[PDB]
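What follows is one chain in C-alpha cells, specifically the form solved without the named molecule.
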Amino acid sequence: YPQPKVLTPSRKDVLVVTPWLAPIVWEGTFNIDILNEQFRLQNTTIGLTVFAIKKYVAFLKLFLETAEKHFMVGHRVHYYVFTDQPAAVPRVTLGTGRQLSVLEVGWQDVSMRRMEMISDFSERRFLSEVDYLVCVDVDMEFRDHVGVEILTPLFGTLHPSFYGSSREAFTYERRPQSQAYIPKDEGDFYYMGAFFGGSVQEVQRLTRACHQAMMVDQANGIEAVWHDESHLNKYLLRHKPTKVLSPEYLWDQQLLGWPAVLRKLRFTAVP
C-alpha cells in the first residue's frame, strides 16, 4: 500500500473528522484494500433494508441491479425488501454470498412505518448472522463504490441540501412540544433519513428510540416537521454517530449537479 504521510492532509477542501473524532467519509480518506481485509477477516455480513411501497416498487429493479455492481461487493450481503406488493419484486440475479428476502408490509401510522418496521425486524433472531444494517430509500441507484468504509457502530449521512449550511438554516423540529425538538443554538449536522445504519444493536436502539418518540408525539397531536428524519436528527444529536458519510453517499445530480468537492457520486436519486 502507499505509505500515509503525516505532513500531507488527505483532503485540503473538506472536514474529514468530526469534533468528537468520528471520520467523515470522503474519497481520498480511505484505502479500501486495508478496510476490505479487516472486514473480510471478521466474515462481515451486511443487511440492506429498503421499503418499496405502492408505485415505488418500480424502482427496485435498477436499485438492486446497481447494488449488485457497487454495494459491498466481495462481502456477505442480505437484502430485505419491505413491500406491500411482494409479488412485484423483480427477480434480479445476485452474486455469490448475497441473498434477498421479501418482507410484506400491511397517515401518521404510515409516517411511523419505517422506524416501527425496522425496529421489530432488527430484533428478530433470523438476524443472528448479520453484523450491520444499512437503511436506504429505494428511489435511488448506485453509481460508484459503496463499501465497508461506511461500517461502524452508528452512522448518519449528511443531507445534500444542507452540508454547506449554518445550523439555524437546518430544518430541525423547533417546537418544544415535540420529542424531536432541537433548540436554535444546538446541532452538529443535518442528517438525512434516506441513508443511516450501524451495527444491528445500534440500529435496534436508534429505530426503537425514534419509533417510541413518534408514538409520544402522535399521542400529543404533534407531527414533527420532517417526520422520522426530525427524530433521526434529535437522536444523532444526543447519540453521536461513530462515522458520518459525506454527500458522495446521498446525492441528486439533477437538482445539485456534480460539484468539484464530490470526487465520486456513489448513490444518487433517480430523476
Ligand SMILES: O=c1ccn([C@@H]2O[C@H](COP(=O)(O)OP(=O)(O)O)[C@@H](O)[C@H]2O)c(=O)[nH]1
Given for the second form:
There are 2 protein chains.
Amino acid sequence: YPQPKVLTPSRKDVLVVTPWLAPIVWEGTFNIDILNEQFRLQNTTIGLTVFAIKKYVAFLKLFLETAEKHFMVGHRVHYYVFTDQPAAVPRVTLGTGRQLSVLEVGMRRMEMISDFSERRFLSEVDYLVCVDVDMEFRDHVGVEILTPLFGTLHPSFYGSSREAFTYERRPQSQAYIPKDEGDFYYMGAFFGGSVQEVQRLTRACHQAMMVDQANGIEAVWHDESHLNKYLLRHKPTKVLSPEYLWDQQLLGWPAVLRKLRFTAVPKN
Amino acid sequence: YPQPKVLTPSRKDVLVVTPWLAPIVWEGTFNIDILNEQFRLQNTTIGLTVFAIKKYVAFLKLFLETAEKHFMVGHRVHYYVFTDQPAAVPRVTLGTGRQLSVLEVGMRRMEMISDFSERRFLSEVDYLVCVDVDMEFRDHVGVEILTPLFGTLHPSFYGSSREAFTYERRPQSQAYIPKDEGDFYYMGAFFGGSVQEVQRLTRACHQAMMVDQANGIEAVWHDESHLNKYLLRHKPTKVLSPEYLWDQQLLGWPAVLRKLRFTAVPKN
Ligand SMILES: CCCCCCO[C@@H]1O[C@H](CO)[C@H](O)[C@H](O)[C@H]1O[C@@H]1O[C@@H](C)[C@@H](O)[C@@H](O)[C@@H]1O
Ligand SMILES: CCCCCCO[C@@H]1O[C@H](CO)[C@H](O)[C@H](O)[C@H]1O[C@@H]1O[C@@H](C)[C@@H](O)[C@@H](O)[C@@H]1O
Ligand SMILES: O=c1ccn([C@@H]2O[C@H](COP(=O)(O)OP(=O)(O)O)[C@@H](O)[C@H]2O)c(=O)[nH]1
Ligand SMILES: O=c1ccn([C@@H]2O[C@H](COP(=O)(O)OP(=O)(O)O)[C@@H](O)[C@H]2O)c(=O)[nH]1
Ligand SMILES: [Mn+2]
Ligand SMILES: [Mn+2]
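Show the form solved in complex with the named molecule, please, because up to now only the form solved without the named molecule has appeared in this conversation.
Then the entire complex follows, led off by the chain already shown.
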C-alpha cells in the first residue's frame, strides 16, 4: 500500500485528532486495507442495535438493504432489531457471516441496550454500534470506526461554539453541563464501542435518566443530553466526523464532506 | 480548557495520524491538562529503562537530572538503570513519587528488557519506556506518549521514502523488509508501551535475533532492524514525532519542530 507522507497533512481543512489524542474519522485519514486486515486477524464481530417501534418499522427495509451494501462488509455482523412488531420486520437477504435477531419490546433505548448488552449470548460479539433507524447507508461504514468508545459529531453543531451547543443547562439535571465546558456536541443517533464500554455508557445514561425522573426533570434532548454528559466525562477513543451522521436535505453537501456515509431519510 | 476547533487543522505542515488511525504526537496536537487528568485518575506508573555500560555511565548524571525536570513530572516514575558499574550511578535527588533501581548486568538490550519485563516486581508498573542514555531532556516528555505500543520516528529518515530507509534487506534475516513495504523508519533509542506490549516486542526481537545468530547473519542496524520488522507487522498505537528523538548538532532546528524534547548528547 502507499507509504504515509510524514510531511503532508492528511487534511488541511479539518481537525483529525482531538486534544486527548483520539482520531476524528474523516475520509483521507485511514487506509481501509490496513484496518480491514487488523480486524479480520481478530475475527472481529460487530453487533448493530436498531429500534423500530410503531410506524418506524417502515424504515427497516431500506436501512437493512443499505447496511448490507455498506456496513462492515467482509466482517462478521449481527443485527439486533428491537421492535413492537416482529412480523413487520422485512426478510432481507444477508451476505455470508451476517445474522439478524428480532427482540420484541418492551428511557426506552438506553435501558433496553443496557439490559441486552449484559446478556451472555453476546459472548461472541466484540463491538456494539447503536443507531437510529430513520437512516440509510450511502457509502462505506467500516472497521475504521471501531475502538473502545466512540461518539459522532452532530451534523448541525460541528462548526458551533460550545455556548451554542444544546446541552442540558439546568444544574438540577444529571445531564447538566456548564456553559464553559464541553468538547463537542455528539448525536444520539450513532454511538458505540466495545461491549464493555457500551454496557458502561448505557448503564450510566439509564441510571442518570432515572435520577432525573425521580426529580421531575426531563433533560432537554433526552438520552442525547445524557450521552453528551457521559462523553464529556469519559472521553471517546475515536470521534466520527459528520460523514457518519448527515442530513443532506437539511444541510446539503458541504466542501468539508468528501463522503456522505449514513444519512437521514426524510420524515414527518 | 479551550474548545477544540473542528474546522481548524491541528497542523498544516505535518501528518498527525497514521493510515491505521494511530496519533502521531507533535506539539499542538494534544492538551496536556486533559491527558494528565486521565492518567492521574488511573494512578499511572511509568517505568523507564536505560542502559549505561562501560564508558556510557558518564551520561547518567545529565540524563537523570534532566529526566527529573521534564519526564512524566507529576506522575509516578521508576527508573531502572542497567549497568556493569553500580557504584558509578550518580546519586541524583528525585521528586516525590519517583524511584530508581540499579540492575547489574550482565542482543544485550532486548534480551535483558525481555527478562526484566516478565518479573513480578513490575506488578505496580503500567507502562515501560525504553531509551538510550546518551541523551538529555530539554522539554516536556509526558503522558501524551503513553499507549499500548509506540515507536518514534528516526530524525534522519522522517522525510525519506521507504526505499531509502535502512531496513534489513537480506531475505535470510528475520528482520528482512522488502523494498515495497514499510510505513516509517523507527529509532531504536525510544520505544515503549504497556508492560504486556513491551514484553511481547522485546521477546519477539530477542527470539528473532537468536535465529539470525544461529544462521550467521547480523542485521544491518542490529536491534533497530528487528524493532522495525516488529512494528511493521504489529503496528504501533501512537507514533512519536522526531521532537522526541532529535540530534540538534546534526540536524539543526527545522521549521517542522516546535519543540526539541529529548536530544542526543554529542559523543565520539
Ligand atoms: C427541521 C429540523 C431541524 C433540526 C436541526 C437540529 O437537529 C436536531 O438537533 C437536536 C439537538 O439540538 C437533536 O439532536 C435532534 O435529534 C436533531 O434533529 C434531528 O437530526 C437533524 C440532523 C435532522 O435530521 C432532523 O430532521 C432530526 O429530527
Ligand atoms: C555522524 C552520524 C550520522 C548518522 C545519521 C543517521 O543516523 C543513524 O542512523 C542509523 C540507521 O541508518 C542508526 O539508527 C544509527 O543509530 C543512527 O545514528 C545515531 O543517531 C543519529 C540521529 C545521530 O545522533 C548519530 O550520532 C547516532 O550515532
Ligand atoms: O415512534 C418512534 C420514535 C422513535 N423510534 C426510534 O428512536 C429513534 C430516534 O427518533 P427520531 O429518529 O424519531 O429522532 P430524530 O432522529 O428526529 O431526533 C428512531 O430512529 C427509532 O430508532 C421508533 O422506533 N419509533
Ligand atoms: O558502550 C556502550 C555502548 C552502548 N550502550 C547503550 O546502548 C545505547 C545505544 O548506543 P549508542 O547510544 O552507542 O548508539 P547510537 O545511539 O549512536 O546508535 C546507548 O545509549 C547506551 O544506552 C552502553 O551503555 N555502552
Ligand atoms: Mn433519527
Ligand atoms: Mn544513542
